[PDB]
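Protein chains: 2
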Amino acid sequence: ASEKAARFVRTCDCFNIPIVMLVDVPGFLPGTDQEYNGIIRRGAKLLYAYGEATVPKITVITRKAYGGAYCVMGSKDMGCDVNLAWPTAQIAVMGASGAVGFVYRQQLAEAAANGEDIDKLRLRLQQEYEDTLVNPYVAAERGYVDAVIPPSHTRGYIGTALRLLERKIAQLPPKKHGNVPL
Amino acid sequence: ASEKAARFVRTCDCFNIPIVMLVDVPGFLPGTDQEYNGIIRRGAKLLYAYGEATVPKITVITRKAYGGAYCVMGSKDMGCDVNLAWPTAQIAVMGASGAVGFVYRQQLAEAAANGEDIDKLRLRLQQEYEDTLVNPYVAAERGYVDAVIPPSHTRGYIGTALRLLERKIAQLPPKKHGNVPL
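Going down the list, the protein sequences come from chains P and Z. Heads up: the first sequence begins at 367 in UniProt numbering, then just goes up one per residue. Heads up: the second sequence begins at 367 in UniProt numbering, then just goes up one per residue.
One chain only, chain P, in its complex shape:
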């Protein structure tokens, strides 16, 4: 997936074609093969290609955007110009399921002593962490998201955004060429 998008992004940038990405990743496909085959190395090609791009860049998160997945899929701080998120956006370090495990390490400690029953407080906290953090507003407040608009507005937004970014002047530092991971 990464090499597919990485080369496509680089091609678009070569011929001044704006890049519009619709982001909905939970993360990276788990597996030893991915690692053995070089997911780190080969996956980094997407980051490089996108960070290097100078054409207009508009990213729309319709749903999931966790961990490094969020970083590679048109992250504001990766150079994305305009970033939009739908009400169903879930921008977070990781899923609430595995998030409570770390965040609520202590409260889960006594869970094996006093009121035991992991599944009621390891399931309640999950839904509590999910209903208070897993959303687009935490990122919207950090500016990582320009605005949280209703799905229907996407079409008109990209239209106007592409006009504003039309004469976008941008370039990379002086150098014969970069050293993208082959």
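Hints were generated in silico from the structure; no laboratory data involved.
No more than 30 Å apart at the CA atoms, straight line, and that leaves these computed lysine-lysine pairs for BS3-like:
#1 P:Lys542 / Z:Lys370
#2 Z:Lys542 / P:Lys542
#3 P:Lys534 / Z:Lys542
#4 Z:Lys442 / P:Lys541
#5 Z:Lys430 / Z:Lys370
#6 P:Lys442 / P:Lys370
#7 P:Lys442 / P:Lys542
#8 P:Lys541 / Z:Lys534
#9 Z:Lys541 / P:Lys534
#10 P:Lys370 / Z:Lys542
#11 Z:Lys542 / P:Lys442
#12 Z:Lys534 / P:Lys542
#13 P:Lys370 / P:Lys542
#14 Z:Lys541 / P:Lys542
#15 Z:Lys370 / P:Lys541
#16 P:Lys370 / Z:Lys541
#17 Z:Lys370 / Z:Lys542
#18 Z:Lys541 / P:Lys541
#19 P:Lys442 / Z:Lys541
#20 P:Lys541 / Z:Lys542
#21 P:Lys542 / Z:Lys442
#22 Z:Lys370 / P:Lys370
Listed next, the stretches of chain P that the computed footprint assigns to chain Z, with coverage defined by at least 3 CB atoms under 8 Å from CB atoms of chain Z:
#23 367–373
#24 409–423
#25 537–547
The beta carbon of each residue, even a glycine, is placed where N, CA and C say it ideally should be.
We have chain P already, so just place chain Z on it with the hints.
Chain Z in isolation, oriented as in the chain P frame:
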């Protein structure tokens, strides 16, 4: 191997490190996996890297150099500055072994019908072709090799070459960046 070299070559070029190539490849490793995994696509990277480089390039063929492998290996027409070859070099389209099958096609066709002895004919032809075409002089005469020198002379030759190409001038086509296969 291709990817391993490709990236390395690009790195040298990034930081102005002359690229010295010791050639001796009989070709590419056969196998369905090599294909399925994308040898064509990934193999190109070594080609891309070298063709892109602008740093002094010196190539020395110590023995074998067949077909495409010959090309991708700092070949003269690939942009290499100085190409050297050892008396034991075997520069050709392919090994004399499978060459006779194409070249002396008809002659071998009448080795099964009329005068039949193939395998004692296919070994005489394989030797004649080998002793007349598979050598460093065909290429040297074409200019693809700057000179055919003794192995001992190698070290000193690379030394003067590096000096000559010291302040080499190489200008790559104006472009935000290339589109090397990923």
